[PDB]
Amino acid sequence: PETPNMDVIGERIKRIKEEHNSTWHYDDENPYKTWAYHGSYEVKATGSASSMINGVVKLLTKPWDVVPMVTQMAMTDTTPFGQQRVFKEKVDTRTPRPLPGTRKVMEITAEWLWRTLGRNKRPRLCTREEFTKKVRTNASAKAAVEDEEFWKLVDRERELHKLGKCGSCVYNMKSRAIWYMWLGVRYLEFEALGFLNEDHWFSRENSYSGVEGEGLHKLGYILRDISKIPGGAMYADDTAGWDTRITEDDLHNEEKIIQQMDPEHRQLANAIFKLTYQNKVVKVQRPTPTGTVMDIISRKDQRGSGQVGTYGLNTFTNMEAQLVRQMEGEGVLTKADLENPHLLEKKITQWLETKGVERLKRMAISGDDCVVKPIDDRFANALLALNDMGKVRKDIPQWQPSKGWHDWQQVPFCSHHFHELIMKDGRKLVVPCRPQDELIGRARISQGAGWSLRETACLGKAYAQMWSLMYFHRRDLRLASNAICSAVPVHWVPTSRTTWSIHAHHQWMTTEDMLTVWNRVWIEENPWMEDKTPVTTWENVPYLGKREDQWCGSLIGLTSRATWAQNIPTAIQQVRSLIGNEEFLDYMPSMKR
């Protein structure tokens, strides 16, 4: 496996070994082939095999009780058995070192890309004050940030970083005793790398390829604008387990941002990159016949999934990799160039100085998600660099050319596809869409354990309102949305998020009228909407065409759906009766069928 640096990872391990000295042992039967194994201690639990169901949403979506994708959505094995299954399958892998020429194209590209990214902005340290305002305004952690003992523990670790040491920065793929430490490890990386998000280095204005701060309602408009650029097909290749395909070489090139930092900042970022990103101590659960053990494992490469900076760094490396693939397709890169150690910077720099930015404007990149419209279709077959870099495509043989899209409306990006709709008044809307079962299925999952009737009904309302705003074009979703909003007390404010997505702007987290909010988003504040004439009725808010709706998972046409649509008032009354005597509205009167 990894030959570990005990002078970087040792202290972190020694602290774990000492916290659990009673049960600490070295299990010779450890499964780890590609990760370094340090030892185990005794647990349990830590997870659940079945995710909680929202009674409100399930009661108002009966035809979906027999839809397999809907029911699949709630099946997640968080048990040690489950954790070990995914680990052995997806995480315990080694990526072969890219060829010396590949490593050289990557470094030239990364140098140029960071220079380009920092042309107007400058890296900076993020502060305690900045972190505090974020925890407060993003819903146990809120108290920790107000306890001066948390900030004393944070300074303790920062002082170790200044000495090139690491005491508590351990990650885990799974009281104040260990939850104050978790937040402390997150602040220290926020302090050094948080500027990437806070200062919007990945915004479309700054990065050309980025979409940071755009929002789901805007991504489709962006894809449509890219579709306007002369060139080949639109390629949206998915990488199999991207985070695991992040090499020691990608980490070395990502680090180059430090070259733009002031001496005080550069020291803390160097500590994060060196001690936590390029050397990691992980704690993964393992079921034993007896009970549950916690294993202590370490790696040099791969990305840490929960980390601050995972989005921007994945976005940066992907932009770099897609630039390298465009060079290959254009003929600038060859098999000889990737195999050559003494690769010449000249033709690559020439292509970056002259073509670079233009080529970036042909892409929509968000973490591991990319949409690329090359100058021609040779890119489909430009796989030498991609595969050698470790960015192997998911569900496709290694040397099979990529599938390109000729219709932008069909391109997969950020778990959606985007439809162009014509409103009754002739104005066009570009709407986010995804398989309906994925939306209903997710809506049916109550977040956390034993949540009160209030939180349950409010989270249902959050989902219903997200649908009125983003997925109003889906027949089943507008009906279910009206049903939920009629069944939940009007004055009840939506609580808990419907998604952790970067692209979610949570416009539905309100008690404001949904048509008023719809107008703000789609008409008033929409940059691609010239005519600001308001929509006064949901009658003038469009739907997908019947057959597009059916292709995207709609149940319209089904006897079971027609039955549900008709008998929805009874289901609403049932939910009202279960909630109690509260102030409710009827939202069904909007062309009731």
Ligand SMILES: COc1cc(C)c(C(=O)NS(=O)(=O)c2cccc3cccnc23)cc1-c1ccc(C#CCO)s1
Contents of the next structure:
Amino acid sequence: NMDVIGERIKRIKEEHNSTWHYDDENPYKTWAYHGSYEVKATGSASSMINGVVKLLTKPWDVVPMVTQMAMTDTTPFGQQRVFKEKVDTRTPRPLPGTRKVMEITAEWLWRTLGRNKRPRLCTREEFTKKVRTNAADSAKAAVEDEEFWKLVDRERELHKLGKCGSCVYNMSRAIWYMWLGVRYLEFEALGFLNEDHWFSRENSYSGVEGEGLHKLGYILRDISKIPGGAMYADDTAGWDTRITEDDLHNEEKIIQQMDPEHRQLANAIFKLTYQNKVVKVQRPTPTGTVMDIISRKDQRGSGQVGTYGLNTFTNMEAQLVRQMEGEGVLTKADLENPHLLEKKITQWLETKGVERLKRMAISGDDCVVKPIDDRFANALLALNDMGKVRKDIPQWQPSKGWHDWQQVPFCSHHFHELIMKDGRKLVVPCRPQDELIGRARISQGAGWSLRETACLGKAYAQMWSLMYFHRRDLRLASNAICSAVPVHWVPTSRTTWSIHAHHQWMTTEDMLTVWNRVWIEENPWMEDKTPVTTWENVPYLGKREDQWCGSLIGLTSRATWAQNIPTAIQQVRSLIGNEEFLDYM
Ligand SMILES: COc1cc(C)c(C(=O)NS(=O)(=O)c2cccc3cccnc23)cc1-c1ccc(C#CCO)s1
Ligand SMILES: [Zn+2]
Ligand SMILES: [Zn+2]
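Can you switch from the form solved without this ligand and show the form deposited with this ligand bound instead?
Complete assembly follows, chain above in first position.
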């Protein structure tokens, strides 16, 4: 294994030859440990609190989920506990028959996904444009430096020779240029899956890439119209740690569709940084803090360019395999058989494949499946054998499905169908309210002024007005935040890193105008384009549903907050200063 990773470890070792040592008390059991060096400890035991949101959500000061979210340990201690609890495991190799059906399905799926689209290399100027639009970090400074691109070119030449010198995953500007350079090179070779929307619903059938949270519920409602069994949405326990060497070799098959110069670079990413990887992780010691150098041949590196798309691919494949087992196409005997009949798998894929993909909504490790009947609930042999063991359920207990699409969990949400006062139906996204408030109360970074804090608060408020307006407490808190923050202050930072967020709330445009654009004008499931002219006609969940989903409506403390909210707004305004404010209450 040293022939692939040796050069990276040699460069790390030489850069820290003063403090480099082999810590024999290292806690790694399934990862190869190469050595350690001294570092300055990074992270925090607690997250910073957004005072603007906190002051305008007083009843949630006494809420346990709101307190828990404010914690999250990122210190070397936090890094180590997460590592031990999840990442330091080995997935048993799938059986020979399971490997065979996965290989057949992966070959058919890649050909289906590439039926209209051709892979291509992504560029420096594409990466540059993405970095600029995201910052509008030190990444914008690097991208502007010609020496950054010269470091990139030197690494690419090693990749072209089948070698890697500086692409290290992390759990001086030279080390930062090497990390961003590593990410650019991955973007160059595999970025096309995202940039050219290979996992869009039109291209992939099961996929939802580019859809946006406001479309997911409508897609689940459409799947519910397909004849079949219940809708299943099983969670995998730590999906990224369950990506096997066999999964990685099946994902690598996309390189067969590439032009020769592209194939060479993508083969370098797969073989040197996915199937072999060098990882840095911080660890507390009695003496201080060390950086450990570790390696392994499987699992998925969570913070990589190709992660979302490749997880979506492998999950689509795994769910098709589970549907084949449910239909009796794959038997227990087939999974143990290296010599299983390839023809019946091929025949099912060619005649039923696409129809079975349309029965699913797949976003990375998140899946919703509506099989042809409920035999799927007990079809667990291939799923468990592929390593995709379901979270917090005995291995052989049947999956429980839903017969109502509104009860289905997907991407941390569930979806409600609302009837507007004018008779039109809306399908809206929702999650436990404490989660929404708890997140909005967390600020991103230290040494952030009242201005930056208030602008992030406004970004959360405006996200609530656009996606979660149907929650009484969030509409009231949103109105309060937007009344407390100067009208012309532009929302900053980001409320989420979800691929499903399109950030339409990152504006100073009227939120009702934006609401009409998203929910009426652009909404393909809204035939009648009549605009809503007042928030009074923007619906809420039924009161009982709002309460079931965490609303404090009906509580005295909530009634007191609603009554006295102009006082808290004025208190925020007085600390912000003599600025232009608008009264949204
Ligand atoms: C599928 O959509 C989402 C899923 C999640 C997970 C988040 C999200 O960040 N949640 S979070 O902060 O509470 C959170 C943070 C970190 C890890 C988590 C793990 C599990 C659950 N939450 C986590 C946000 C959105 C969106 C919010 C608005 C959206 C829109 C639109 C239209 O353009 S899309
Ligand atoms: Zn490299
Ligand atoms: Zn709900």
